[PDB]
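Enquirer: Take a look at the letters that make up each chain.
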Amino acid sequence: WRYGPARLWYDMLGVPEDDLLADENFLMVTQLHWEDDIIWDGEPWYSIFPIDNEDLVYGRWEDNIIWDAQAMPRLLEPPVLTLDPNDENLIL
Amino acid sequence: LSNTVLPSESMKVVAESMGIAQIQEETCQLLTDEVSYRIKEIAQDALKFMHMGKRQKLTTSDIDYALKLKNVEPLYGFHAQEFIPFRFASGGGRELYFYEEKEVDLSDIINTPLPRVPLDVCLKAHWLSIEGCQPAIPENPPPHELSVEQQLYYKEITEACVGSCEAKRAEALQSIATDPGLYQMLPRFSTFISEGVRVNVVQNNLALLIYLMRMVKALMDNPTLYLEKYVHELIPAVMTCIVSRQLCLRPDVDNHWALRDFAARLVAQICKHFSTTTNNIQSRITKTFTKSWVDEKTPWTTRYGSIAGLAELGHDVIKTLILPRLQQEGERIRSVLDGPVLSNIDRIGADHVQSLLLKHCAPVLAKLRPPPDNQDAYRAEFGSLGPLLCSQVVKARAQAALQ
Amino acid sequence: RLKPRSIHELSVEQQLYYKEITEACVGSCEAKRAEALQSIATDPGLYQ
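Protein chains in written order, with the entry's author numbering: chain A, 341 to 358, 395 to 419, 463 to 511; chain f, 9 to 151, 214 to 473; chain F, 207 to 254.
Hints may contain errors.
Said to hold, decoys possible - Now the in silico label distances, taken between C-beta atoms and shown as ranges:
#1 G354/A / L252/F: 32 to 42 Å
#2 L494/A / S454/f: 40 to 50 Å
#3 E215/F / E241/f: 52 to 62 Å
#4 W410/A / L252/F: 21 to 31 Å
#5 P441/f / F468/A: 40 to 50 Å
#6 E419/A / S425/f: 18 to 28 Å
#7 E401/f / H214/F: 47 to 57 Å
Unchecked claim - Now the stretches of chain A that chain f is said to cover, found in silico as 3 or more residues with beta-carbon under 8 Å:
#8 411-418
#9 481-495
Stated by the list, open to error - Below, simulated BS3-like cross-link-like pairs (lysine-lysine); rule was C-alpha separation at most 30 Å, straight line:
#10 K225/F / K357/f
#11 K56/f / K20/f
#12 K287/f / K225/F
#13 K76/f / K56/f
#14 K209/F / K342/f
In short, the hints are calculated from the structure, not lab data. We treat Cβ as the ideally placed atom computed from N, Cα and C, and that holds for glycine.
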């Protein structure tokens with residue numbers, strides 16, 4: 341959407357239509409300083468748990484990383500605002 | 009395309025105005041290819057008075073000048089102001105069209121209002137072009215939806231972070247970081263940031279990317295708004311600021327290097343605050359960084375970004391990701407201590423990669439080695455990482471003395 | 207455009223099971239604990 345959020349960028353552009397890869401290495405026991413957590417001398464009809472972002476949990480957002488600007492493997496498209504209503508703190 | 013003539017059934021109608029009862033179809037074909045031949049010879053000779061007398065209209069005095077030319081008697085009564093009327097007659101099987109002429113009392117033509125007297129031909133001079141374009145004299149041609219409050223707040227805050235001045239930018243970032251009610255404007259900010267980082271591919275502006283990364287860093291420091299539902303948009307924007315290869319307009323002088331370690335610190339914060347075992351944010355970020363680093367053909371800028379993010383994640387990550395590929399430093403020093411092309415741009419990026427690598431691997435060498443470290447540098451790759459490790463042990467001793 | 211209202215990845219039988227097992231595993235009654243502990247020890251669908 342040309343007139344939506346990011347209209348400023350669209351106007352500036354002037355477009356007007358409209395073995396180290398082994399799975400264990402990445403397990404967070406081998407990548408997290410969990411020692412810091414140890415506490416020493418410290419001093463359901465509706466969901467009980469919260470619902471996670473399905474796009475973060477499931478989608479391949481990694482496909483929106485632009486590795487090479489000139490050699491971009493696919494063609495990206497303008498993104499429309501989707502106003503997810505799962506999030507609270509949004510009136511609608 | 010073809011020779012078009014008057015219809016043959018139009019000559020049976022004409023022959024019955026004469027009184028001829030039955031006219032055979034070969035006679036009607038003989039009539040209509042002659043009268044449509046004489047129409048085309050007065051159609052094209054009327055056009056010779058329309059063209060030589062420059063008119064482009066073909067008035068009825070052009071046909072009367074052509075009937076005078078073909079010796080045929082004139083057609084009387086076609087100079088009066090008329091038009092083309094026709095009146096349909098349905099009838100009991102006989103379909104036709106006629107004129108339906110009207111009458112007028114004779115004293116209403118003797119007593120008509122007379123038109124105004126005509127004017128005589130005179131001349132008028134005016135300039136059409138004066139050594140160039142035409143003058144402008146009159147003888148020439150003329151030549214869910216944001217409320218207005220928060221819409222205005224969104225406009226002012228986004229246009230304050232585009233780069234007109236620095237003080238309005240600092241107050242806008244201190245607004246974003248410290249306001250309580252900025253929800254309902256978080257999706258607009260996420261869309262603005264992600265599309266603006268995408269617009270770097272059309273214009274490789276380092277400055278606007280630094281401004282968008284300071285916008286993300288200000289969005290993270292807000293205690294009231296929760297970025298859990300919108301982090302899937304801000305993660306690849308910061309990732310694009312890390313592992314893309316052209317971050318600069320002039321590659322040699324622009325310090326894309328800082329937008330690298332700033333965005334690497336940003337993504338370490340974004341996967342410290344938000345990584346949950348349902349999310350798998352940190353494991354999926356380490357996997358992208360790792361397969362971008364271990365894979366050859368990657369440019370020194372994107373390898374710098376990969377090493378920077380991996381080394382900002384923490385100590386155990388550089389233990390189990392960076393330290394196996396320390397032999398890659400030899401492949402780096404292949405192109406540093408001995409390069410056939412010295413004046414290329416690979417050398418500054420290579421020794422930037424080298425400096426970052428030995429700066430981050432000096433405390434890792436200080437953690438998992440002996441306290442002496444006599445010839446660890448010789449045992450290390452290129453003997454430089456080991457000197458950096460000795461410097462790091464000295465720095466740790468100085469920190470202990472300060473404590 | 208509004209994205210569809212998502213559902214939790216647990217069923218309400220599974221969510222009720224989680225609530226019963228956790229409220230039994232805080233040990234108000236010992237037989238309740240011991241079954242809940244055996245239920246944790248051999249439920250095949252206790253992943254996810």
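Enquirer: All the hints need checking, so say for each whether the structure fits it.
Expert: These are the hints, each one checked on the structure:
1. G354/A / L252/F: 32 to 42 Å: violated (57 Å)
2. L494/A / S454/f: 40 to 50 Å: At roughly 44 Å between Cβ atoms, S454/f and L494/A fall inside 40 to 50 Å, so the hint holds.
3. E215/F / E241/f: 52 to 62 Å: 43 Å Cβ-Cβ, so the 52 to 62 Å window is violated.
4. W410/A / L252/F: 21 to 31 Å: holds (23 Å)
5. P441/f / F468/A: 40 to 50 Å: 49 Å Cβ-Cβ, so the 40 to 50 Å window holds.
6. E419/A / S425/f: 18 to 28 Å: Violated, since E419/A and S425/f (Cβ atoms, about 43 Å apart) do not stay within the stated range.
7. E401/f / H214/F: 47 to 57 Å: Because 49 Å falls inside the window, the suggested range holds.
8. 411-418: violated (count 0)
9. 481-495: holds (count 10)
10. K225/F / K357/f: Violated: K225/F and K357/f sit about 35 Å apart, past 30 Å.
11. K56/f / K20/f: violated (33 Å)
12. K287/f / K225/F: Violated, at roughly 38 Å.
13. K76/f / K56/f: Cα-Cα ~13 Å, so holds.
14. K209/F / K342/f: Status holds; Cα separation ~27 Å.
Checked against the numbered hints above, the structure violates hints 1, 3, 6, 8, 10, 11, 12; every other hint is satisfied.
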